Every structure is written in structure tokens, then in C-alpha cells.
Amino acid sequence: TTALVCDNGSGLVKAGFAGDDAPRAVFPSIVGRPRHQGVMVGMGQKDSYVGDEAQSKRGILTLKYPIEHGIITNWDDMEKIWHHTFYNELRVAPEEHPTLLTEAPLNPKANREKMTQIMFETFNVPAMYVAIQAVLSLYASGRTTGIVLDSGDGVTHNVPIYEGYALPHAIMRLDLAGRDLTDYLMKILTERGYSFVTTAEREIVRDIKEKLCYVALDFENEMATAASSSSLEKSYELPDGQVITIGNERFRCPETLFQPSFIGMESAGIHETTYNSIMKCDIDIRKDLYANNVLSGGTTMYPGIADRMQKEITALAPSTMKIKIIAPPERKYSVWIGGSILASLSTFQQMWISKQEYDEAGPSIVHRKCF
Amino acid sequence: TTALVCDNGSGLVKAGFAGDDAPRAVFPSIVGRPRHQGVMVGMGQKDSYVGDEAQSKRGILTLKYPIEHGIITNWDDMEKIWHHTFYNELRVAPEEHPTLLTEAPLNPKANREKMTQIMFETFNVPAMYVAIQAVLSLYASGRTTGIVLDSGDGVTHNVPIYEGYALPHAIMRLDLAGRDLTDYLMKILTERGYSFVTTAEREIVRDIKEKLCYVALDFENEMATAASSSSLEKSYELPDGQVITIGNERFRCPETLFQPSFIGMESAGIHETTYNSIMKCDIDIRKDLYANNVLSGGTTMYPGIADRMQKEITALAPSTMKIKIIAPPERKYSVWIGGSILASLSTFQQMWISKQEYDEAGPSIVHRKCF
Amino acid sequence: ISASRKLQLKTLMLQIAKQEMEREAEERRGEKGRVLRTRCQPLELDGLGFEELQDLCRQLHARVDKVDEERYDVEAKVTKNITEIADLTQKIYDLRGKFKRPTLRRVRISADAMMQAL
Amino acid sequence: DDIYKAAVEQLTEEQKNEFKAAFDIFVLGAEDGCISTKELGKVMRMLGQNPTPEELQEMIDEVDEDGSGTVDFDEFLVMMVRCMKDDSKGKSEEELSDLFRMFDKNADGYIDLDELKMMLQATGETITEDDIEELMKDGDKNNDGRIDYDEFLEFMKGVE
Amino acid sequence: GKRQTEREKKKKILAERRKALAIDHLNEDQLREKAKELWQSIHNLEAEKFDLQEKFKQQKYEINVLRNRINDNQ
Ligand SMILES: Nc1ncnc2c1ncn2[C@@H]1O[C@H](COP(=O)(O)OP(=O)(O)O)[C@@H](O)[C@H]1O
Ligand SMILES: Nc1ncnc2c1ncn2[C@@H]1O[C@H](COP(=O)(O)OP(=O)(O)O)[C@@H](O)[C@H]1O
Ligand SMILES: [Mg+2]
Ligand SMILES: [Mg+2]
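Sequences listed follow chains C, D, H, G and I, in order. Read in order, the letters of the first sequence correspond to residues 5 to 375 in the deposited numbering. Read in order, the letters of the second sequence correspond to residues 5 to 375 in the deposited numbering. Read in order, the letters of the third sequence correspond to residues 42 to 159 in the deposited numbering. Read in order, the letters of the fourth sequence correspond to residues 2 to 161 in the deposited numbering. Read in order, the letters of the fifth sequence correspond to residues 202 to 275 in the deposited numbering.
Hints listed in this document are in silico derivations from the structure and should not be mistaken for laboratory results. Where hints are given, some of them may not hold.
Unchecked claim - If the Cβ cut is set under 8 Å, some of the chain H residues that face chain C in the computed set are:
#, residue
1, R46
2, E125
3, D128
4, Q131
Ideal placement from N, C-alpha and C gives every residue a C-beta, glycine not left out.
Start from the sequences, fold in the hints, and give me the full structure.
Structure representation (C-alpha cells):
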């Protein structure tokens, strides 16, 4: 039979059968209970709208993501999300399909063990396998080397790989991602008068960020230009009218990636953690990693980031090496495409964690040889 | 058995069995004791004529409404009105019929508790339920969202509802209604020479208001036109002859709705309390409320109000949203039609306040789960 | 186009549909019996010694546990699927028939000829 | 063809009250019961009955084609009784959906015309002007290339 | 993951809450009767299992119907 390539993610759940080009169903991972009282009788009001249904009734819900930073903080809601994904968005019972979840690097063990225990006890799948979210993104590019920066919505991690041999001592995981950029944008919009507070209006700020923000090639020059002319002010229409005008908030929101001091984080930007991740590698594979830097994940879709990052790394790196940044147009679904490719391989067909194996060793089987 | 859908109202009591199209008996709610001495013996003169009987002998009575502004100020008279409604206008003993009263929003608790205590002790009904007068008017329109402006004769209230979930923090109740318009019309008629003082002549002024007054599309232009031409002066024949001619009093009486400063009230008109009630709602359901504005209640029957209100709201609202005002021809009985529909539902059949429940918790049961 | 055969055609279609429903019920029952026989083998109770009964009932009890697991699984499945079907049916009705539930009325009946009585 | 015909052959007094009321409205005695379809519809709307002009116009297009303006008692009574809602609510919606899913073998989210033709020929009924394309004409509302159970209701709702 | 109640119920039904029955401890006639009871219970319950599979069929039919209706209407 065919395998189910699910990809929990944090912000958008992407799923679909193995062997295709794009995920079949992509929908936000939010579960929102209603918060008001409700007076109409017999309206058929449910107790929790999940997935894309709660992005249409969000006016009277309190949306809450069940995955904070890669890790899962609310297991009941995550179980509800998985149940919805299997039964309503794909309509395939899990009793007859292997599953291939994905997990960020350096995550707590208990999260992974609970994930496998749920998949084997509640949904009762035949066999499931957990894979690191960066190796798949390297599969999708058709490479076999390269250092991949997978800046998702929950957590940004940077896994270097050479000739198929991952370097476990050079993984640099940073917890700045799309959600923190949304919060920072929502916080700097208040400097013009627009106040978004409700958890429903966070979605509106996310839409503003997606449609308007861009990464500046040079930050100081843009700050000077936006403060003199008015060629940058782009307007946007809220879900009820009252258009708003975003000035130099456009390139200040995604600039947080390269200067995490804006949101008070100490660490260095995504332009310098890649160079540090390279320098921890051996001295003889640094040229190949320099030449095959891969971008993935949703948050790396800002217009103009593949040039800013290249300029920064070229500034840091030695002058002789060639710096090349692979930015495929299908960046958002790169991890899932790689997952489909991996699940479609014949050599991989014996790596699944078969159910009888789980019955013999318990949920701690995932840390064992079947990784 | 069938349920009795009574609707106390303030000015007209509307009642009838559940499941029909129109109330069976509609009659003014006035109780008038005779005031003169009376010399004929054996004429069979009663001590209080209630309902529609006191609108024919009103020449020698002192009519007094038992409901001032939604609240009930004279419980003995209200009990008399209910007794008349049950026994003479419907001729069904209440011992064998559930009842569904209606109550304005934000009313004193003691009023509701006394109402249920009367219905359970004096009339001894099997089960009664109290419902908010705006949710029913939303039932009758066949919608499930929308913000309903129910401008009755006692009190005007504006309850917004979305997807069946009422928003309790956005109810704007204003105490200007048909009765204050009658008093203001009676007060401005004195500018031509016609003086109505007696409580019986208030009924004549009410008839004048119903038959002649209309809401102007633009107030200043109408004031200028009525002051130059004479195309507006419509005449009306009193109950004894001596026709009267109403000039620009025609559109000045109902204009008080949009400018409550005429009768000295501070608050804003019904055109601006609706917009304020909308703006208190969440940012994502404002479009639906804009598109589904519902009118109900008797006082919204003035010829030309559904255009004036739409013009005013379109002036206030953002230019992109579409403003639509639902004004069904059966506006007056909209609340009662909705009450019939609600009482005819199967899902609602277990929400009644059964008598044994009242015996166990006292009259304060109404504030509890059985709302 | 005559309204004459509308009644005959709809009655004939109702008869055909009823025959189809009863036939489907009968064939479902027969298939269920066959699947039951091939799953739970028919009970043999002849010439059996007590030890043979002990062993057979032990096998039956192990099978009882196994099939109880199977059936509580399919019972949770059917419960969840029924709930989901009801929810989606009500959602579909809301999208389509919510505007029509109020329209269910018994109106314009008495007041039509109850105006001159006053 | 036969349902209202049977009902008239067993003429009930409840309907007979209105029938004879409209008769004395029409026939004043020793008449042939002409009662033209135009006049019949006029009176049907007049005497407080169902004011549906559609059935009246159907009769007018259908009756008094003789050129004498007279309307025989048989068809006049048939159209009077069928003007009123004579149906047992057309069975049950869920039950009829099961009937149609037994009818519909494709289960492609709808049912195609050919399945309807198969069921119709299984019924074994006579064919007339309301055949062949009348179902096609009525059911092709949005012309979705199919006759769904919802489309089948739109064509001939209230199947009894 | 706060479906501990759900999966704990699953395990309880499959192992504990099932008719966990000591059966091979009975008189010859008694043990035969108990075996007959087990056999009948399996038969009736698997008939119910077939019924649930048929309900899965009907639910899938209605799912397909709803999908087609949604697509045609939107
Ligand atoms: N076109 C875009 N432009 C800018 N940011 C985007 C765009 N699309 C998505 N994002 C950001 O990326 C996030 C989605 O990232 P995604 O790759 O789905 O995370 P995950 O790894 O959990 O799947 C969104 O929250 C959004 O903030
Ligand atoms: N046709 C009409 N035109 C103008 N005003 C009307 C009309 N009918 C009723 N009214 C006003 O509405 C009042 C009746 O309102 P109603 O809806 O009966 O109040 P309640 O909510 O108490 O039932 C009357 O007092 C009258 O002033
Ligand atoms: Mg990701
Ligand atoms: Mg009212």
C-alpha cells in the first residue's frame, strides 16, 4: 500500500500520500473553543473547531496552537488535530497506512516517545517512522551534501550534512522563527496607532507580514530612505475596511532574523549561525558546504532574503571561497516533498518501526536502531 | 399538547398558539377604571375594563398602561391583563398549556422572578420559559447572524448575534420608543392650537402618529420644503369632526429617533447606537453584521425609515463594506412569529422550566441554567 | 405533459425502491451469516471429552479476547464516524437548509375567514 | 390518473361541502355543469381556497380545449382535489436517500440519468408526452450532467 | 498528551473492561455451558461488527454525497 507522509510542523500541517509533488491538504494547526455564550438553539454548534474551519469562525473563537516551539505542549489538542487530518482532510483510515512524521532536531525525548505511543495505540497505524526535518529538505533539493537552514514557523535549525554523513556536533538550533516575527510586527505596529491584541487578530497581523514585509538588502540605507521619501508606504485593507499604511515597519519586522537583539534575544542572526555551524565542521568539507548552502522552510520566503544572506556570508567567509545559496521556488513544501521522496524509496522500505517491534520494546524503540 | 406563545410587550399584547403564522388575539394592554359617578342602576357597570373593551369606552375611563419601560410597575393590573388574555381572548385554561413569555434585555431581575412566580402560582401553568425579545426576531427572519434593532413601544434595544453566539457585552439598550414619540407629538401639536391632555386623547394622538407621520430621508431639506410650499399638509378627522391639518409636524415627530436631543435625552440616535453596537464586536464579524442588519418591532414601521437608516449607517461605516437593512413586511409581529417557531422546535422541548424544578429551587430558577 | 401518470410512476418507483431495500437487507444478512460462519466456526458438541471441552473453551476465550479487541475498535470507529457524519450533516444543513427550518410553517389558516366576525 | 379518480369515485363529504358550495356558486340548477376553466380558477381563488394561479392556468391551457367552455365533472373534480396538497409528505428524506443509493450504483456523489432510466423501466409504466425529455427538461436546471437525488427531488419531489 | 483518558480506556476495554473471564475452571456441564455462552457472544458481536462495517459503508456514501454537494455549490 501507500504511505502517509504527514508533517506536523508548527503553524501549518502538511500531509499527503507518498509519491506526489505537493501535499494534499494544507491547513493551519489551531484548535479554538468558542468563548461567548450562544443563544440560538439547535444551530449545531460544536465544542471545538480545528484546522481550516476555525480560520473562518475566528471572530468568536480563541485559537490556540498546540505546538509552541517544535515541542508539543498540549497533547489532547494535538491528538484532535491528527484525528482531523486523517479522517476529514484525507479520508483514509490509519489502520492500513504507514506514517512518516517529522521532528525538529534537538527536541525533548518525551515528545517523540509520546508521539509514537499515540500513533501506535490510538490511531493504530501499521508502522511509523520519525525523521529529522532538515534531511528531508536536503532530499528535495536532489543534493547529497550541503548545509540546510530550515527556518520554519516554530524553530530555526541549521543541520550540516556531507556525503550523506550528518555531523551531529554542528547542529545549531535557534528558537527565533515566524511566530516571534509575527509578535514583533504586532508590537511595532502600535507605533502608528493600530492595536491588535486578540488571538484572532494575530492572524490578521500574520497576513500583513506575509503580504507586505520584505528583507532589506542594506538596513541603514533603507532606514534612511524610508525616513525621507514615501515610496515605501504600502497600504492594506483590514477584514472590515479602514485601510492601514505600513511605513518602515515593512523591512524592520523580518530584520529581526539577522539581529535577534530586536526582540531581546542574545544570539546572533541566521546570517552568523550558519557561518558558525560551518566553522565547527572539518577543514576539508568547508568549501562544499559554502557552495551548497540550502534554504528551506516557510519563513525563508521573504522577498530579497537570498541576496541579503549571501552578502552577509560573503562578508564573513574567506574571499576565495564561492558562496552560493540554493533557494528553490517550492521552498515552503520542500520538507514534505523530501518526505515523499524518502518514503517512496525501496531501500528505505525496511526501516519502518513495525508494530510487533514496538510491542516488544515499548515506546523507547524510537531512540534505538530504528531512529 | 400545544404551547401558548404569549408576548407581553408594552402597548399591544400579542398571543396565540405555537405553530401558526399570526397571533390569534392582539389588543392594547390598558386597564381603565371609570372615573365619573354613574347614575343608571342595574346597567351592569364593571369596575375595570381591560384590553380592547377599554378602547371603546375610553370616553369615561382613565386608561393606564401597566408596563412603563419594559419593566412592570403595577403587578395587580398585569395579572388582570394576563387573566383576560388567557380566559377571554383565547379561552384556554392555563392548567394544560406551556407558556413562553418574552422579556427585554437588561431588565431588573425582580421583574422576571415575579413573572415566573405569578405564572406558576396563580395561573398554575405546567411549564414556562422566558426568552429575550431580540433572539426571536432573529428567528423569524430565518437568519442565524445579524444585529437586530427591536424598536418596540416601551424600549429600543439592539442585540448583535453571530453564528448563534450572542455577544452579551455589545447590547445597547435605549429607553426611547413609541411612547415617547407619542408624547412628543402631543407636545408639538400644541404649536398649531390643538391641545390633547386627557389620557384618553393620548390614544387619538397615537392614531395620528400611526396614520400620518413618516421619517424624512433628509431632515433639513424637508424642513425647508415644508416651510415654503404646502404639499405636505395632510388633514385628519378627529373622532367628532373638526378636521386638523398637520404641517411639518409629520416628519418632526419620528425624527426624534435619530436625534434624541429633541426630547432632552442625551444619547445618540438609533442610527448611531447600531454602529456603536457593531464596533464593540470583534474585528472579524463586523462585515457579516453590516450586511445583515435586521429591523423589527412596531416603531420601525414608519414609511421611509429603512432608507434613512441605511443612508446614516453608510455615512458612518467604512466605504468598502456593504450595508443592507432587512425590513420584512411582517415587522410588527416578527417577535411573535419567531416565538412560535422557537416553541415549535423539537430540540427546544426540554428547555422548559418544569414545575417540579420550580418547587425545588424557588423563583430564582429562571436565572439558572434554564435561562 | 399530464399529471395523470405522476402518481403511478412515483408509486411504482416507491415499490421498486422498497423491493431493493428489503433485498439489500436480506443479502446483507446472508453475507453477515456467511462471514460469521467463516470467522466464528460453528459449535460442535459431539463425543467430546471434558479435557477436549476445556481446550476448546480456552481457544474460544482467547478468540473472545481477540474479537472483543476487534469489535471495541470498530465500535469506537463507528461511534466517531456517526458523530462526524451527524456533524457534517448539520453543517451541510446550515449551509443549505438553515434558512429553511423557520420556513416550516402552518399559517394563513384561521385569520383568512376570521375578520368579519368582530 | 387513478388516485384522485378513485377518491372521486368514493366522493367524500368533507370535500363535497366545498364542491357543492362552489357548485351553487356556479350552477343554479338544472345545468350541465359548464363551469369554464377560467371561471373555475376565478372561483377557486374567490371562495377562500388555495389561491395558486399555476394550477388554474394549467387547467386553462389543458381544459376547455373542446371549444364549448364546459368542463366535465370528472376532470374538474380531479383538478380541484389535486389543487389541494394530496400527498403523504413524499415518504422520508433519509429513507428516500437510501432508496436512491440502492438506485445509484456509481456512488460518485450523484446519480446519472441512465440509472434513473433503468429504475423507470423497472417500474413498468406507460409512456406519454411527459416522458423521454420531460425528465430531461425539468432536471436540467443547472445542467450538471447528472440527475442527483437532490436533482431527482427538484424534478419530482414528494415521491409517494 | 491529554488523551491519556482515551487510550487508557482503549487498553482497559481490550484487556480489563472486556469480559475478562475465567472459563477453564468449571464442571463439565458448567464448562460446556460457558463455552456455549462464549461462542454465542462471539457470533452476535461479530454480527454487530458486520453491522458497523455496513455503517462505515453508509457513512462513506454520505461523505461522498456531501463532498459532491460542496463542490457543486462551491
Ligand atoms: N509567502 C510568505 N512570505 C513570508 N512569510 C511566510 C510566507 N508563507 C509563510 N510564511 C511564514 O511561515 C510560516 C509557515 O511556515 P511553515 O514552513 O509552514 O512552518 P512549519 O515548518 O511548521 O511547516 C507562517 O507562519 C508565516 O509566518
Ligand atoms: N403602522 C405604524 N406606523 C407607525 N407606528 C406604529 C405603527 N404601528 C404601531 N406603531 C407604534 O408601535 C407601537 C406598537 O409597538 P409594538 O411592537 O406593539 O410594541 P411591543 O414591543 O410592546 O409589542 C404603537 O404604540 C405605535 O406607537
Ligand atoms: Mg518545517
Ligand atoms: Mg416587542
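A quick look at each hint next to the structure:
no. : hint : result
1   : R46  : violated (40 Å)
2   : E125 : holds (7 Å)
3   : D128 : holds (6 Å)
4   : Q131 : holds (4 Å)
The structure does not agree with numbered hint 1 stated previously, though it agrees with all others.
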